[PDB]
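A single chain comes next, written as structure tokens; it is the form deposited without the named molecule.
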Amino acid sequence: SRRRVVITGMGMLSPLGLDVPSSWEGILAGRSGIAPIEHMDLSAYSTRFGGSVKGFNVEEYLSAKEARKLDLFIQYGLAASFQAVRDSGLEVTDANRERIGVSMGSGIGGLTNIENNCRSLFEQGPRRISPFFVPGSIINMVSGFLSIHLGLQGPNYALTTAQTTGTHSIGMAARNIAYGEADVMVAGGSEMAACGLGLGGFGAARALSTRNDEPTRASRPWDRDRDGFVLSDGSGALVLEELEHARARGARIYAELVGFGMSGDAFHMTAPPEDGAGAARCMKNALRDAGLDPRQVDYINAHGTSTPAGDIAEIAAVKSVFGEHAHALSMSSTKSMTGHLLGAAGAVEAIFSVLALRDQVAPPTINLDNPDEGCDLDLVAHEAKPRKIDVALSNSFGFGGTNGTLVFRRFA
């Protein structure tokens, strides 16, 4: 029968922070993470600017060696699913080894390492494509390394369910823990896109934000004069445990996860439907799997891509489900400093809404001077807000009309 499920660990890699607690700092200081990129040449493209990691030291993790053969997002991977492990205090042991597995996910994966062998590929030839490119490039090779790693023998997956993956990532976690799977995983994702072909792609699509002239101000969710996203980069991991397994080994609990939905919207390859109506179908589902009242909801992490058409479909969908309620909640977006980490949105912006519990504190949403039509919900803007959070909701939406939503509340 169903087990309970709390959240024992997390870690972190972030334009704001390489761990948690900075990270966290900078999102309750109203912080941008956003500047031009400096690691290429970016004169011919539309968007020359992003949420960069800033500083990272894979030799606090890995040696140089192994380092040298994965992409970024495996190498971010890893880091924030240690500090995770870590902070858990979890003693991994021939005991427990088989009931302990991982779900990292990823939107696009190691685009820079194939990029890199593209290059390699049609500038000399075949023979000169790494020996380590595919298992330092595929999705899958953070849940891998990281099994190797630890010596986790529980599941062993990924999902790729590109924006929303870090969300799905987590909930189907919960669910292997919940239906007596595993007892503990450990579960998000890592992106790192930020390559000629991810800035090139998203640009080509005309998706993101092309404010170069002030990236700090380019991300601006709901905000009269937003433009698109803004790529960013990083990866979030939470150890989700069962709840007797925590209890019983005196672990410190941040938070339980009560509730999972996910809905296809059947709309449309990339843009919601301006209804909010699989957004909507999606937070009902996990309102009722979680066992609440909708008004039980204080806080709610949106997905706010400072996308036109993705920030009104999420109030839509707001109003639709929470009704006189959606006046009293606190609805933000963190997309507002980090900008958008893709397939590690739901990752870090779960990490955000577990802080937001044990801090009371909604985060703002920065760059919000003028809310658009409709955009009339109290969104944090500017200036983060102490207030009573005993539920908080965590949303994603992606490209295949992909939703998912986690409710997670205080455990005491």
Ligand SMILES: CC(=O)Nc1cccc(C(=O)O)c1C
Second form
Protein chains: 2
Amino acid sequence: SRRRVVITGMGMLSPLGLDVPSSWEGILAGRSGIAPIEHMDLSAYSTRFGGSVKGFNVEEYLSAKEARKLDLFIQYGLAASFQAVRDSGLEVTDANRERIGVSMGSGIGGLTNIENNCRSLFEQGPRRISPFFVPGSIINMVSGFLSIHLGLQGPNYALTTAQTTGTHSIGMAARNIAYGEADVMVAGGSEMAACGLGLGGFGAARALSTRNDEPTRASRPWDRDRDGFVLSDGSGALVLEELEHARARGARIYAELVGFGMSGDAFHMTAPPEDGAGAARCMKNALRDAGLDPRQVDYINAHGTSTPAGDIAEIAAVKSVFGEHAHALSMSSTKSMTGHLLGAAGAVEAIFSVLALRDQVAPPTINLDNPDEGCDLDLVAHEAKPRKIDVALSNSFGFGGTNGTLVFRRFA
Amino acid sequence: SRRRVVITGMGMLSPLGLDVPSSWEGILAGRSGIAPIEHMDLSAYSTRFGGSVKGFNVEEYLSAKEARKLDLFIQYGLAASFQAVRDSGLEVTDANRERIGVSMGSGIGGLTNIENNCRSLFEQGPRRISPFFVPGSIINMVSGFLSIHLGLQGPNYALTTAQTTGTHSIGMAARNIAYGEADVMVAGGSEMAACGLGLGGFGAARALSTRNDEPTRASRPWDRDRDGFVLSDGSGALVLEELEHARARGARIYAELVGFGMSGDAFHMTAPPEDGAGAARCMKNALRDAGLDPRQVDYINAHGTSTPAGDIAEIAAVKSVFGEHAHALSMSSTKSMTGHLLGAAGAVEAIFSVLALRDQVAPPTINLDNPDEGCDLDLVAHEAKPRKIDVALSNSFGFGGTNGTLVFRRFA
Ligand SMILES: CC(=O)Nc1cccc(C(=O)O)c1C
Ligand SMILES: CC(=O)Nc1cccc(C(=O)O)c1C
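Moving from the form deposited without the named molecule to the form solved in complex with the named molecule:
In what comes next, the whole complex appears, and the chain from above leads the way.
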């Protein structure tokens, strides 16, 4: 048997807002965070738009000196983490610092830093590479820097499971607390891949929407005219906490993390199976982990990335796991509004799933103008839907066929 | 209730050879795998030597067609993984494929591929970025590709905890099996950071030995004339397996994995505390996890990277954890011979720790000509030591202050 895990703090940078409540207001109003990308020449690229974090002020969190040493994805992850810890009200002491850890991950990490240092290396040679290039670029430095700044001496790691990273980071943090390896974890992910190599890389695989003329309409999960995902930047972080620890200090509890599932498709490098059999097993695993019948699920935050093969495979998976109940639950992709934050997608979508529980409302899938063949579930087309939500699922699936499901429940 | 975990398979690429037994014979002969680097021109760099994998033939595992699409670190991880799985004698069936997962990590992952695509982007433009740049370079794709080739549908993820990756990967995979999430895991790491950004980046931070005149003498843990670590390439993979599962199929058991510890220094991004307080917390966590009296520890495979601050800190933590018993155990750094495989360091070192148990021999710390002040333990200077080993401990420390300890014992 196993300790209960609750959510006491949340923090976020997204294309919709510089914090959770601004982002969540965006979500419920159906607002897009997608725009042509600025201060960067995309003439030669097939995709010129994405979800940028707008007006980020790193000096609310770090000195100019510390910020200069760190890739944007690390800055974004620390901002989300500080917000989350602040939101939790947690006081770190000598009594508890050994019981507080971090698992903040990234899918692709320091690409902007790697770009900038590559320029220096090619143009001038290795003597112009920054001394902080290595520590300032590696994916575990959100966990590293946060632990140094707050004096966190608990489990310290980072997951990198491509587009599953955020979901996996929160799940494995939850396991640390459940099995008594920590009382508190800060978990989630951060990503900044809106550079040459990210838009170029995903663009070369023709994975991206090229709807340059209508950026806010590019991300249209399960719509018949979808043409690939929209690349987005940001971060999400949650304070996970053992229930008796939260209660003792009178912490405000948002929701309970009751279920985590994992699976591998063992199918293709960059496409799921057509029936989404891996997604199905992962969702099944998460529900068994929670001791929940598929019947109990009210809301699914879909992976729902606006790809042809991806979107249909997730519908097939949900129909398989849930049967006739798949038509009674509400499923939406918030990527319709935020785009695809890759490694940070599972973190910000775990937060939206928790807020769907707090506010009893399913966020919309915007741009769902003509549902494709088979896309006949309640996909919350166009507008937010107030409704009863006791249990909310959040799916992430990644290159390599790596799948993650979180199950959240209302607490009382 | 927590299940017992054993090692049934091991695989390796190292600077000492292209499998486990060849690598192991080099370790016991006191052989160095460190040489001037031949694959690039480094006349502009302050470090012009490393531990390269010599004569690696990827077409012993994969078609040339697939190999071409994959960064060396992925090639190296799959090679070590395929060896470990072969060595286990495990058969993947529809009955067990959902119970077999993989956690192979990397510190930096596809940096050679990323640099090469960065050259294309800057010299030509984004149109020359390979369509395989993302799935051929990101860290989670050892786990991805291995699951695709072998049909593994169990937990599928990657850690990135810098030079601690391999230790954390094995540790966390063991926890998956211990807590019932899988019956088998392929776990370890792989690294190939010997490109312009890698040697230039660590050089810029002055982390590397610059002993170009005698590359084989550069890696000299606890020697008073050490001047930084030696950058090394390779992969270690282990098959971890629930004890009853292994017994049930008549598996050859190398050793039991009895202990796993984690901790954060919460001190500095790129140096340990002088007293190795974080290392000490980690080893105590692992010894407690294993239910051991610290006096049962016979052999320690040190992190022992040949850095001024790092080597002395590890002595301090061992003296702090074992008191007078520090003078009875044997502690050696195989990095004296292999150099520093970064994310793969913990993976090849876990393997050398299990082989120390199989063969009852402490591997040498070669090049320990003049042990530094306070470095007065049995550091197995120069020559392999035959001795009683029931319990072996392997340490890894990483940028961010992220620590890991594994404890293995002989299985009867
Ligand atoms: C194996 C696979 O490609 N799974 C999957 C399914 C749907 C969307 C996405 C995506 O995040 O773009 C991914 C990665
Ligand atoms: C926080 C820190 O820098 N720890 C540590 C200690 C000793 C060696 C090494 C290494 O791999 O060179 C590291 C990374």
